[PDB]
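Modelling step: build the complete structure from the supplied sequences, incorporating the hints.
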Amino acid sequence: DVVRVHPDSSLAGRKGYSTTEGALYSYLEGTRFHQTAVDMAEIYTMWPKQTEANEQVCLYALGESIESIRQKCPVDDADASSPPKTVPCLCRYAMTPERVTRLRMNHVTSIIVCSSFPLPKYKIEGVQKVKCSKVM
Amino acid sequence: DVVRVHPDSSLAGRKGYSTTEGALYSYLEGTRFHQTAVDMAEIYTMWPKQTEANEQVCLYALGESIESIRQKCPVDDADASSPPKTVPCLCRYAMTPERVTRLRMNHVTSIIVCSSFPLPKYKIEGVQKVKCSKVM
Amino acid sequence: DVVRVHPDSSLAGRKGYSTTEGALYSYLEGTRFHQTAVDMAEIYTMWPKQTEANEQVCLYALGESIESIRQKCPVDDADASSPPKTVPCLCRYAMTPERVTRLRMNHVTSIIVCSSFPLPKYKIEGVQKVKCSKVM
Amino acid sequence: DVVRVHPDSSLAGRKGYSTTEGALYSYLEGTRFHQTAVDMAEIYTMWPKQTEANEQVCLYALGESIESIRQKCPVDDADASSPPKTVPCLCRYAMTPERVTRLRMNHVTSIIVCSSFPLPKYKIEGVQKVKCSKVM
Amino acid sequence: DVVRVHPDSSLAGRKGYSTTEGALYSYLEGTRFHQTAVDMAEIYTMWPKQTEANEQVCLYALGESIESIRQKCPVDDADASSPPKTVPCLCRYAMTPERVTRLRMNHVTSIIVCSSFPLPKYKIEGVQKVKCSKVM
Ligand SMILES: [Zn+2]
Ligand SMILES: [Zn+2]
Ligand SMILES: [Zn+2]
Ligand SMILES: [Zn+2]
Ligand SMILES: [Zn+2]
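Residue numbers (our numbering), protein chains in the order written: chain G, 1 to 136; chain A, 1 to 136; chain D, 1 to 136; chain Y, 1 to 136; chain Z, 1 to 136.
Because the hints were derived from the structure by calculation, they are not lab data.
Take the hints with a grain of salt, since some may be wrong.
In this list, chains with the same sequence are indistinguishable; a pair is considered to hold if it fits within one copy or across any two.
As a list, the in silico DSSO-like pairs of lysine-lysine whose alpha-carbon atoms are at most 30 Å apart [stated by the list, open to error]:
1) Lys123 <-> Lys72
2) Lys15 <-> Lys72
3) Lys15 <-> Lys129
4) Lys72 <-> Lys131
5) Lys15 <-> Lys49
6) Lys129 <-> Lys72
7) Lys131 <-> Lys121
8) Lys15 <-> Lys121
9) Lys131 <-> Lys15
10) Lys15 <-> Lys123
11) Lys49 <-> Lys123
12) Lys134 <-> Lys123
Written out as structure tokens, the structure reads:
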């Protein structure tokens, strides 16, 4: 089974990956992004609601350690993580595990996040919310 | 049994916690606020009357150590602590154990306390008393 | 619930605020005026009678510190503060928390106060009393 | 005969142990807790009154050796020990021999005890008393 | 037996203490004020006359050490100390051991004493004599 990835993904045109078809959720096994993916997946379990989970994912992309994310969870409940979306949207600001990995590698102090990545209505330091040019 | 939590609680929409129904008193086992909860519970035993107990709780929220709170008790009598109210009121200034934990983490130098949290009629440093918008 | 604001308010046409309907009392949470609002609320408790409370509010708008206002209170009794009126009147001189915030930021040495803001019959430095063009 | 154990006991769902029925008193022979059990039982003979015996049990849970507990007994009278309660109460703070074994292994510096474990009305270092959520 | 305390005492509404009935004399065992109490009691034995003993008690309240108080005693006779009055009077200036403890902790440079605390007719530095509003 092929894993569908973003058109701007570095996995595009590779064996097991495609842009137009494939699985929309994956831990990206066999790649480096795998680690980021599972970390992101765990975040999505730590915060059940998408808004605060996406806030934690944004903080993760800004370089904050996954361990501090773990301590920030109000409860100690630990459930199995679902694979994160490989194509949450189709614009250049898609918060894929690949993009999060790249942002962490570049150690960016500010990120631009589209509207397909729902965030808290209050300000987040280092995050600028923009309109999603085209969606999934 | 589900534990009733504040609508603004980070435990809302989680297993074992609910906003519309549940237990109104809890030590919040399984969370970090648990520690704060039991500390607040101990305070409510050290000062039997709610007014100066709430004053000591407010001082606890302002960062004062619980050891000094134990020191300030006139007597050395120690009785079992009842669980603190998880929903003392329904406004944004509810002095829940979660809110006290958040204020202690932020190391705030001033807090705003609603009228559902009865306080001494004299001034308390770092505490501003406002009307409770909506009560339990 | 929507908070009713002045037609000339900077919060007009915003989420949670309206000109034609809403709550007439608020601490204006989520805005900067919030701080001014609660300060005004505290003033309205320090002086039970409306006229000298409005005198203290006028002195507050003229840049005088809230701390000095606390010392000027004859007694040390501290009761919970009720939310101040967001629309005391409909003219351009309405002494809303937003207007007081604007006057304090501009550091004005003189203000114009309408008749809907009752003041003591004696002169107040930096305050000019005019008729309220239209009332609530 | 079956020995009734706590719902959170590690002996739950095992041969010879049950959660809903069985003997309420046991030395827990065949398990490791056995040793701790008899120690607590011996404590209950050294101090006839439950309050000071429970204080000594709490100190034993904090890591204090049983030899010092024997030394602290005012008299040298040695009577046969009755088996300790396997389920003193149904909450998570039940002072079972299994819980005491776990606390001693973890070398905890502080314990939380419910109200079903009566203690001296004065403070005990490393022990915090809370209400028992549900009893026998 | 219950120990009667001042209506404004921090021991009011506690086990073993009452406002309307109880023992009028106590060393206040189980409280911190106990220490102050016995010190005050010792003073009352050093100076048999009430006015000069109350002068020494006032000096003790102003922060002067008990060792110097012992030094200033004209004789070296040491007699057993009777428990001090827990309720010398019913006004807010009662010279209870609790009030003396509070004054010593506050390190006040001036105190106000009622007429139910007889003093020498000459001036005492840092002590202001007022009429006792209501007596025992
Ligand atoms: Zn997008
Ligand atoms: Zn409230
Ligand atoms: Zn007007
Ligand atoms: Zn229990
Ligand atoms: Zn008096």
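For each hint, the structure was consulted:
no., hint, verdict
1, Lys123 <-> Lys72, "both (18 Å within a copy, 14 Å between copies)"
2, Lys15 <-> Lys72, "between (38 Å within a copy, 17 Å between copies)"
3, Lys15 <-> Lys129, "between (34 Å within a copy, 18 Å between copies)"
4, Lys72 <-> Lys131, "both (29 Å within a copy, 23 Å between copies)"
5, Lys15 <-> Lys49, "between (34 Å within a copy, 12 Å between copies)"
6, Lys129 <-> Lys72, "both (23 Å within a copy, 18 Å between copies)"
7, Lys131 <-> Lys121, "both (14 Å within a copy, 26 Å between copies)"
8, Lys15 <-> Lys121, "between (40 Å within a copy, 11 Å between copies)"
9, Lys131 <-> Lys15, "between (32 Å within a copy, 19 Å between copies)"
10, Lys15 <-> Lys123, "between (40 Å within a copy, 16 Å between copies)"
11, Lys49 <-> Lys123, "both (18 Å within a copy, 20 Å between copies)"
12, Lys134 <-> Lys123, "both (24 Å within a copy, 27 Å between copies)"
Every hint from the earlier list agrees with this structure, and none is contradicted.
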